[PDB]
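Next up: just one chain, as structure tokens, the form deposited in one PDB entry.
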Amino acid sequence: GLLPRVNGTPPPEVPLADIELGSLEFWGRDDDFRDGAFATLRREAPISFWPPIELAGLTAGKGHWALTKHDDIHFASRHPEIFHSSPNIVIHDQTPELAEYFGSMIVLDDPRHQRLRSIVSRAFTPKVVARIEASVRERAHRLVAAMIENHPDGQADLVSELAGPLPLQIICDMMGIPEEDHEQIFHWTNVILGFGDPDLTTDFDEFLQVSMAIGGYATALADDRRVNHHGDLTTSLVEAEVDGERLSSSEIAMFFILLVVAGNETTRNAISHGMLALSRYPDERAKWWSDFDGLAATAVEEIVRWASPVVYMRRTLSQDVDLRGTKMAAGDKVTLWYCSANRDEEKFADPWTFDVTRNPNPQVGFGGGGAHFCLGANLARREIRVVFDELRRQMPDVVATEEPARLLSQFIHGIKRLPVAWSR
């Protein structure tokens, strides 16, 4: 909240010769500089080739074509046969023998992708979903109420106390994980998530051990449900079937490992950026708090467009492609910069305005559409809606009180800490 900002302010004009998408220094600049770089790219070099970020001492891989236009990103997403998701969806995979272990369906192309996603989807039965919906409400209500008891001074970090724990507690609830086990699930998850942070010194040996441990935890959980039926997603996964194919315990473990990353830190960063935007632009909070259920759908969609928690996804070309007269070769990597498509001057009027009533809103924060479209998009929209509903009811004047501590990442639009304050 700290620095005053006027809703609708465009980014500074960033000279093309100043943009270094392969430098880590670039990803450390503030959001205005980044938004201004991509604005320059959309105008002057909308498809361009970049080397990967190189951490001195480690293999970096080959470079990538940056797609910065909403129409280009949509096209790529609609043609998975040309733009493959296998081998992986990050610029450079550091553990390629474990690509499928961590990635589950997101690193598969068809037909393997559709087969797996079909079986996983059918496990989300009406009963399992109704339990998830009660969990979202219960968990958000308890976490906000805990912030109030744990902080008589009326100050806390939104990330550690709410935005961090809510998405993971909800994943634990749908898997049927006991309360007692959360500590270990959280510690393992945090170590996995930390392995990308260059402000942390995370041991690769430790990363492997926690990765195997959470996977062994998950296969044992699924095996328990094979003998003991419960009303949880774990049991629905072991029982689900499509054309006679069922899921092994290892496949369920890999999907769980994907959830505690892809379904977790994404939602966390949508919540934190949503809090930050509602703090910077208080008229939007006032409007939202005045008609909460009636503006919730457009408000949530704008929080996702604004936050773009997933900054990009990578693809790999199976054949040559010429689009916008830019020739890209089979085998090249391509990156889909959702953070740029969600400011594309050709799709959104007033793109620099955070508008909780915005409509239409063809935002691509859940991806550009198609085969890999976020499996949890409606679950994420619900988590966002419900957490701000509980803040609105319990501490309506809560506001960010400091600029965020930002995660240094090319992939995740991360907030590490976000101080907030409220009154009673």
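Take the two forms, find the largest set of C-alpha atoms that superpose within 1.5 Å, and that set is the rigid core. Numbering follows the first chain given and starts at 1. First, how it differs from the form deposited in another entry.
Here the rigid core is superposed between the two forms, and of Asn342, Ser77, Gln169, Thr234 the C-alpha of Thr234 is the only one to shift by 2 Å or more.
The two forms, fitted on the rigid core, differ between the two forms by 2 Å or more at the CA of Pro198. Superposed on the core, the two forms barely differ at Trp289: its CA moves less than 2 Å between the two forms. With the core superposed, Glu302 shows a C-alpha displacement below 2 Å between the two forms.
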Contents of the next structure:
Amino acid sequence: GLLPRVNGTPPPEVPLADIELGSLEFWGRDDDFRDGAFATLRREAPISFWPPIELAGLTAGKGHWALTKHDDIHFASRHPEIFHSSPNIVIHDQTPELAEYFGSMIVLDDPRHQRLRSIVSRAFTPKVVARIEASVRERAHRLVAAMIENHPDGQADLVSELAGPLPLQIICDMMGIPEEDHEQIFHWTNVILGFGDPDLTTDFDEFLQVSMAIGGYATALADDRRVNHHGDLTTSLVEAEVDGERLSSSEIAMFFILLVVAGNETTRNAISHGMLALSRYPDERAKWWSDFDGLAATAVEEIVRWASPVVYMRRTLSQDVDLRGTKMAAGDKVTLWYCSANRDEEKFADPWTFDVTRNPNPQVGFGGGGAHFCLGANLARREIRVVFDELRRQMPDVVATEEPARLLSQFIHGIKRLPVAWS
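Compare with the form deposited in one PDB entry: the form deposited in another entry:
Below: the lone chain, stripped of partners and molecules.
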């Protein structure tokens, strides 16, 4: 049931008049239409203004300027003195009731951002990730083995059985979340980054119920670790002193929520889109499987470029900015479309070819660099690598058998369900 594709094919041309970045219906279209829309913007309207989507649109606040060029997204990322992460990194205004749960370091500027990031950043270094490499592989090995055992007919949903669980288990392990609570945590983060998709929720009170629930989970776990320290990130949070003063319970909960949402709702889509690409372009599977360790570094970078799991991130101007002939005003919202930068014809020879040997590969799936560069980048790369190594070893012919069920989202390039089959 997988539709045939030809590597290197550009999307059909999308007329400039047909693009509505502010409509839910646009984000419901398939990737060819979306990719073609962003190609048209790069060529004919590389900076342009759009209204918020209608999803909770009455409280969204103002519209935004869309940056579609790799170099413009780079400039914005590298100059937070102009393009601020405060007050929010999605288009929607962060209302007071949302700020209760989501006013974390990701919506702060330096120096407070850096002081918060430094509490945990040593647990995400390459050498620390190398320590828990063996744990990461054991968890991936066991999940892939369970897929074979749980599905003797050789068919299953890659997302529920592997792509979701592996990153979930790792970040829960690093936070010190008990094994019995994994499913509950994943349900909550699925809803928090699925608002607007009816398979997740379209009811904002249910969203607020979930946010309440994970916030209360976080504070209860932090309260236990304050009494009895463990060697986990939650204990690092309760123990930290920023200029002699400890974090508030509110600050601890927001930080906890940031880490588990980010760890649960990103890598899984790199894996699902990676499987889809290897299914559509079998020469690339054949190349990688023939020399997994020789090709893994370039293959992992190309999977992130192809998937762009985070579609965009917002910034806010503190001064007037005249960029590429477009005059934007102090206080305007500006959006950084990584999904577009990662197809930029000025930065990639042959952007429409999925090439697991690609080098160089200046992909900005982890953002354009700078102060908020993805804290989990090293971890995510290892998570992707070990999952595909275990699929290669245990079920080398695993392939998608249907087009995926796509998450309805402007922010997250989500695959909800991906049927696969193996011999």
